[PDB]
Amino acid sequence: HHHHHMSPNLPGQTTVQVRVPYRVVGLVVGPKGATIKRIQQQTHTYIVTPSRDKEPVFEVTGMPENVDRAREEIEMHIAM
């Protein structure tokens, strides 16, 4: 993207990919991004939301234990 850049993570932090069904990206983001903002604050992670018509993949950055916690909150927003 012309308006984004790659930055190295803080020491000890990793970045993983969390794939969701395309229909539930809006559920994870929530109204005005309140849901995805709550996940970042509660899990102490940095999460990039995928674009409009791109791969429904969230990029979660943080400590490995915190990144795993953020992955579960994202995957819980998926109906069976």
Given for the second form:
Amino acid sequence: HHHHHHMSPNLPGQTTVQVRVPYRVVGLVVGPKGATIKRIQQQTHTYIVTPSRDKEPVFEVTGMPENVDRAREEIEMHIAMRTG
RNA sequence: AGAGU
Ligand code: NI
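Having seen the form solved without the RNA, the form deposited with the RNA bound:
Whole complex next, starting from this chain.
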């Protein structure tokens, strides 16, 4: 069995934080062709991994702690703006 | 309203 990813150690000073969302809004956070979550990464200077379709709906957000926190808030605000 | 070789 093969795949096309691997697990990498963070650079020193960079943390990875698990951002859980409701199951029904994973696709909403990603957006079409990733447009929403690519924008959040670009705006917050973070690296984000979308959960697998068959796993818990937890994004992993990697970067400086202050940037990761901003990305977390961007994800939560995007959800809230669309779901109230 | 699911992007990544
Ligand atoms: Ni392959």
